[PDB]
Every structure is written in C-alpha cells, then in structure tokens.
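S.K.: One letter stands for each residue in the lines below.
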Amino acid sequence: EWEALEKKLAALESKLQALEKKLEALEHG
Amino acid sequence: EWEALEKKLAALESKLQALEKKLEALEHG
Amino acid sequence: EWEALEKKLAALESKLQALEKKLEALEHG
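Chains as they are written, first to last, in PDB author numbering: chain C, 1 to 29; chain B, 1 to 29; chain A, 1 to 29.
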C-alpha cells in the first residue's frame, strides 16, 4: 500500500516537473 | 498554448485531490 | 494569466510536498 502511494506521488511529481520545465521556458524564452 | 497548459494543470489537480482523499482516508477514517 | 499559471504550479508543488510529509507520518509508525 505505501509503495503504491509513494509510486503515485513520484509520478505526479514528475509531471509537475514537466509543466514547470515548460513555463519558465516560455517566460524568459 | 495557455489553454493546453491550463487543461494539464487542472488534470494534475484532480489527481492530487484523489491522492489527498486516499491519505485523509487512511489517516482519518 | 501567465503569472496565474505560475501560482497555480507552486500551489500544487507545495501541496504534493505536504502530501509526502503526510504519507511519511503514516508509514513512520
């Protein structure tokens, strides 16, 4: 159970990283 | 392009909330 | 609107991180 839950956090976290990579490229870029 | 980022953010939001429901649930009842 | 996107991002990051210290509470005993 915990592993499944950490799994999810880590996959969202990747996704928030993705989008964040995109914004700060538009802004000042 | 703003709209695309906008949709994406909203889908990330729905996911976290689902995750936060899971956590409140084990954590609270 | 572009700033708005930026604040919505910090707030889901921040929240992801608060969920993690929550999961962590649950596991750690």
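I should point out that these hints are in silico values taken from the structure, not numbers from a laboratory.
Do not take every clue at face value.
Chain copies aren't distinguished; within one or between two, either way the pair holds.
Restricting the straight-line Cα-Cα distance to at most 20 Å, the calculated cross-link-like pairs of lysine to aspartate or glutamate (EDC-like) are [what the hints assert, rightly or not]:
no.: 1; residue 1: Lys8; residue 2: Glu24
no.: 2; residue 1: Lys7; residue 2: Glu27
no.: 3; residue 1: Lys15; residue 2: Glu27
no.: 4; residue 1: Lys7; residue 2: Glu24
no.: 5; residue 1: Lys22; residue 2: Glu1
no.: 6; residue 1: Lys8; residue 2: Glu27
no.: 7; residue 1: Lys21; residue 2: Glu6
S.K.: Mind listing which of the numbered hints don't hold for this structure, in increasing order?
M.R.: none
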